[PDB]
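A lone chain, given as structure tokens: the form deposited without ligand NLA.
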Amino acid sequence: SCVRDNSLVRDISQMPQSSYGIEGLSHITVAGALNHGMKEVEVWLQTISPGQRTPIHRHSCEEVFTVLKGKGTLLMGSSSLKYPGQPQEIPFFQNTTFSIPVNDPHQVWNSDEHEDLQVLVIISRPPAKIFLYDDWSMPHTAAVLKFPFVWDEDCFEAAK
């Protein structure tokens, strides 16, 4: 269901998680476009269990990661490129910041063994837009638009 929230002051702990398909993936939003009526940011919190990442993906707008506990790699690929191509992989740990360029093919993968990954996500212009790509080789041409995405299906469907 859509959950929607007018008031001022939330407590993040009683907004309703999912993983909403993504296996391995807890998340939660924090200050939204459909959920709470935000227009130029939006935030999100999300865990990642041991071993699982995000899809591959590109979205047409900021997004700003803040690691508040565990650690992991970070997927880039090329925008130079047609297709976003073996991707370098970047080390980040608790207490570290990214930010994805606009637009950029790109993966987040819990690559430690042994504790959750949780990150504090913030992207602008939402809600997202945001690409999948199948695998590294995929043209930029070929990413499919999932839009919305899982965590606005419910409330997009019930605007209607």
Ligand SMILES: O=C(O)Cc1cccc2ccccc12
Given for the second form:
2 protein chains.
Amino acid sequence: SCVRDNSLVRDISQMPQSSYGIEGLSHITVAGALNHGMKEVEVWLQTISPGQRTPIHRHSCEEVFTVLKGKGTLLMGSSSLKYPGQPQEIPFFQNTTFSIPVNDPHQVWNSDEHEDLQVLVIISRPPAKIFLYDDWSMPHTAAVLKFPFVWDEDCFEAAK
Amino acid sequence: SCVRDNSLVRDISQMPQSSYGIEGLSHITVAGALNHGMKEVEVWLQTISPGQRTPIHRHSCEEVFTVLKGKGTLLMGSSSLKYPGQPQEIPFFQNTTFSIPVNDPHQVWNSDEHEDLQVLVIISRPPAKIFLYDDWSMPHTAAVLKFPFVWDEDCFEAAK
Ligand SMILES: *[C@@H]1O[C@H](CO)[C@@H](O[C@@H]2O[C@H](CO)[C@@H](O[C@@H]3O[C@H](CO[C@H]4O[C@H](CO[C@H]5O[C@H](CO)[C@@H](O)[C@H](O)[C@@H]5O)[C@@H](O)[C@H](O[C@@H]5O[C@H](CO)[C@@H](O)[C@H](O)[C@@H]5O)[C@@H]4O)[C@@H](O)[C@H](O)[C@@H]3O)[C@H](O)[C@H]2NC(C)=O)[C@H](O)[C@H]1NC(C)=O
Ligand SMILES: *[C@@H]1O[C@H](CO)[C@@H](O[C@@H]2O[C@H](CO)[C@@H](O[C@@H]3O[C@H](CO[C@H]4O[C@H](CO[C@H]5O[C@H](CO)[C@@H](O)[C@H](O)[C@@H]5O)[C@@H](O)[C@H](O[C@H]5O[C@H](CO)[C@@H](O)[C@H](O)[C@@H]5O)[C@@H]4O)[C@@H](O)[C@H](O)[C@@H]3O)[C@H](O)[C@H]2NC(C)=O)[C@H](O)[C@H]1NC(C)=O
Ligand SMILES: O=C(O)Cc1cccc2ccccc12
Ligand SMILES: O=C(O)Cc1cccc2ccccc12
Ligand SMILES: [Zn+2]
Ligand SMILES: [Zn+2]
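For the form solved in complex with ligand NLA instead of the form deposited without ligand NLA, what are the coordinates?
Everything in the complex follows now, all chains and molecules, and the chain you saw is the first one.
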């Protein structure tokens, strides 16, 4: 569904959450472009189950994560050579933050075997324009744009 | 002193908090322009003590709040009158979100007597350009710009 709501105070617990077909994910856009009218920043609340990973991807915007619960590993590559290259792998834990430089290819993995990972994610220039890589050797020109992304599809179609 | 941190993954409990001379405030810039190099978004973590309030102010950027703990009241003024005017009082509670229209005058109040209010705040176009009002009756044209703001003064002076 597309749930639009521009009032000023909104209850996060009442904004319908979904995996959008991504196994192990639970997503809520807390404040965003297509659902609420934002123009410069957008905020997501996401929970990833044990062992799950996001796809390898990039987006031409700033992006900041804050870890509410759980632990994991951040994988990041470079945006300057013709492909991402073998990534940096950096562990993170509850109450850590990390920002992804514009266009850097990255992946977030919930490497804990038992607890869910819950983060707040903030982006600039919404909505997100995510290009997907199938592995760290795929060249940057070859990444596939998936726009709108699955949590924006219903509202993107409703706004034409 | 100015604390600059060029690290990718940071522990938020080790970024130094301060009131910056604002009674009942505790602030940490989680990811920002002067402290970490951000250009498009900046993220703060703020705790306000029971009864305390931010000054009445406005800023030419988007601003989104997410309430992590506690509860309170958002006070919103007019951007169409020549002054903010008597404010609308909008209650908010744990797990709510609110976005402040660009340039609207507002104040956040911890109207709870029992527990601290903690919020994650996101702004666009950092660092903040905050104009202060002495009361809801002050004309928009008389509001005073305080730049750099108190949590940016040390790095702004160090930058020279
Ligand atoms: C991730 O890590 C984060 C960082 O560690 C965590 O957030 C922090 O959580 C702390 C633990 O709960 C939390 O500590 C509480 O701070 C509040 C809020 O504080 C201020 O006001 C206090 C109370 O005030 C009044 O009385 C005073 C005398 O009693 C008067 O002086 C005053 O004017 C007023 O009327 C003040 O005592 C306090 O003041 C000072 O403290 C500053 C340091 O904060 C100094 O700069 C200053 O000189 C002086 O020492 C504050 O201004 C308290 O009310 C409460 O009892 C705890 O101290 C802290 O605030 C949180 N930080 C932020 C930025 O939010 C977070 O929880 C972690 N999250 C996860 C998921 O793990
Ligand atoms: C502020 O409000 C927030 C919103 O209410 C709240 O955050 C919510 O908190 C709840 C409670 O803790 C969380 O619920 C937890 O969700 C996790 C993770 O869920 C996802 O993964 C599970 C497990 O997946 C895998 O295992 C299954 C087998 O069981 C496989 O099929 C699968 O492939 C994987 O291997 C999965 O079952 C979930 O899927 C279902 O649910 C989604 C909806 O989320 C449907 O769309 C889907 O079709 C299906 O029914 C999902 O993919 C779960 O494991 C836990 O058991 C528990 O349910 C929410 O995740 C969380 N929401 C967000 C967005 O983070 C805040 O906590 C609250 N905060 C405060 C301060 O109060
Ligand atoms: O922008 C990010 O890194 C978040 C993110 C981007 C793309 C796909 C995702 C799937 C599941 C969870 C998060 C995801
Ligand atoms: O509404 C805001 O921009 C945050 C904010 C702006 C100005 C002063 C403040 C004092 C204490 C806590 C937050 C404050
Ligand atoms: Zn990303
Ligand atoms: Zn403000």
